[PDB]
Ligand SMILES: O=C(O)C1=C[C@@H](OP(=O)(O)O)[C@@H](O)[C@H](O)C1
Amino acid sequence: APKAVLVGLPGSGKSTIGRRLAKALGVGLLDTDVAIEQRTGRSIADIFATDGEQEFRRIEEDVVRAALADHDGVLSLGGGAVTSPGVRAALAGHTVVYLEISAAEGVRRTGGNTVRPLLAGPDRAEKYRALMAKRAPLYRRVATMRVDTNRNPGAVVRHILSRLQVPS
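For the sequence I just pasted, show me its structure by itself in the form solved in complex with shikimate-3-phosphate (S3P).
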């Protein structure tokens, strides 16, 4: 099972922190979005565009569940994976690091030309707020560790490592 599962909104630092945390723990990084792409042979964007969000979530849930069983490193979940009840259920018992970000910094971090089905213009800020407001309690319910990332990646990682190692 994963040493740590990373959850957070897009732009919260999953890929950055994941790479750095993985390195620090001497383990591999798996991103569930990449495994979805690997397994389906299809882009995340095409599944959304053609098949729709709900089929995406079921695929995503299956991939999350397998990864929770087969991956021994740091696992990062796509931002909406916690909207699925069965994903939250499967996360029970795991080490789950919620990377928290404010709207304004998250907006700022997600601004370039990455294709994002649920966060395209115009009005990305509005859309970011709606995703944050809706998902905050969902991230909170699965998290075993809340990490404010609004700090330096290196710092965030030292904090995570520390908190993985010692009693509450």
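Each form is matched to the other, and the largest set of C-alpha atoms that superpose within 1.5 Å is called the rigid core. Positions refer to the first chain, counted from 1. What changes on going to the form deposited without shikimate-3-phosphate (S3P):
Only 115, out of 130, 115, 34, 66, shows a C-alpha shift of 2 Å or more between these two forms on alignment of the rigid core.
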Contents of the next structure:
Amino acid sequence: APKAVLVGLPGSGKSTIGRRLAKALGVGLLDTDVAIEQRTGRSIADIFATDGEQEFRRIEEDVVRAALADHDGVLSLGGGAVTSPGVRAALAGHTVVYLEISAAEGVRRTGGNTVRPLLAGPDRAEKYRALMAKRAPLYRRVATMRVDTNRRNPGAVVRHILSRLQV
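Now the other one: the form deposited without shikimate-3-phosphate (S3P), given that the block above is the form solved in complex with shikimate-3-phosphate (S3P).
The text that comes after this line covers the one chain and nothing more.
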């Protein structure tokens, strides 16, 4: 089973910490969004557009269940996977690290290299706040380790995790 399963909002660092954590442990890294596209030949948006959300979620939940059973490294979960009660069930008993972030930091990390984000309009940040409202309670539910990534370097987040995942 995975050494760690990482969950969190956009910006929390699933990609970044997933990579560094896999490197530090010397283990493989599996991202469930990439796994879905590699298993289907279709891009995530395309499955959504063509088959819709329930069908994407069904597929995602099989990819997730398969990785939990088969992968021994770090597993990074798609942001919406935890919306599926079947995914929340399958996670139980696993090491699930929830990468915490605030809406403020969240928006900043997903806001690009533009120096003035407010000029674009408030809509993206409002959608981000709403997303956090929906998702954060679910991440808290499935977590076995909660890690606050607000004003921590990726290096510091990785250390924190590694010190709490010795064998």
